[PDB]
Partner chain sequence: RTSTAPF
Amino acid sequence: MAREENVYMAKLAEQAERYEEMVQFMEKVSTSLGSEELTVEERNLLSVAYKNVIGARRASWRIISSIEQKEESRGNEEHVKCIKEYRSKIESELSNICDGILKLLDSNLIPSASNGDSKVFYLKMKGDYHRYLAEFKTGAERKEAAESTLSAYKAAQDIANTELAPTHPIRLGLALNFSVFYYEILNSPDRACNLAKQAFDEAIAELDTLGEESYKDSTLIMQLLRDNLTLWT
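Now I need the structure of the chain on its own, in the form solved in complex with its partner chain.
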């Protein structure tokens, strides 16, 4: 039995936009390996699955936080009691989604990675989910989220800057997320700007020496760095 039926189902889940189910499908593939690693196709699907499941909660959290602020500032105390209870239900889901993909990165995807690209990808992804904890967690939990994000992004960068070109979308993607961590979570606009510019310039420097479909892949991310650089200046 090769259940790459589980891969096909995840692809249908994706088409259907039923992302919780896309997660289950790609989780079944993941928890089914012995010594083998997720292919590129498979890890991307897993990551897209989780980005969409977490993304709906993050989008909901943002709108409920705005409404909370707007209402606290009109003294509507009764609204605020309600909005806050709603915000904490979203925070449980955020908290559980992050735990699921963190357990699977700590337990499985990270210890068993082989190539560089893989290691960076998964260490990057661990940083990503500690970052999402830090967007809404409060005290000790926020400090622990922020520390875990810095360690994972840094472990990913040491491996990236050795074992991958400056144009490799995974190296750019790390720089883009790490730049954002510095701006949104640590509140270092300088560190963020410098990190994005450095990885952009370093990628232009060695750009027109890759197959026409590579250019597509990483022009995409490089436009994301430039978009943020514009927004911040």
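Having displayed the form solved in complex with its partner chain, please output the structure of the form deposited without its partner chain.
Here you get just the chain by itself.
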């Protein structure tokens, strides 16, 4: 049967801003496939869905962490005990969300990507979500997450380097996250700045062969890489 229906429901879920439902709908598109790949449209929806569901918990996690620290500085110890419990609950959510998208990548989407844009897309996403585990996980789970990120970003760059134009927003967007993760989580500015400037230089080397729709895609990203290189200096 046709489940353009679940795709149509996911676009309604998006319009309604009911993102948890958007995820369940795109998870139903993905776990119903035999040999078929998600279209671009479909993989983009799955990604908008997870990005909005994880975004909201990341933002809760950041305000709850600021409060946790302001109250720790003031010696308000009953508050801290309460904030910690709340942070713990949000961490539980964050960790199950990451596990849901990782499980779908590891066992449906990555093993069935054929084109290279697809392989880079799913391997980047896998990295993106291990990076999110790494922002809050602790101990050995933080270490396994930082390594899973690096190794997914690397396997993605290997394929992006050969099989995708230097100007492709997947390859540029992979460069942006990879460069930021080297700097912010591995504390390696040399590397961060390097593959940033590499991704930028390479992509102006062929910027003189895009459309008026192809441009707005990768120009947005190219400018993000640029303001970081000047920032990072």
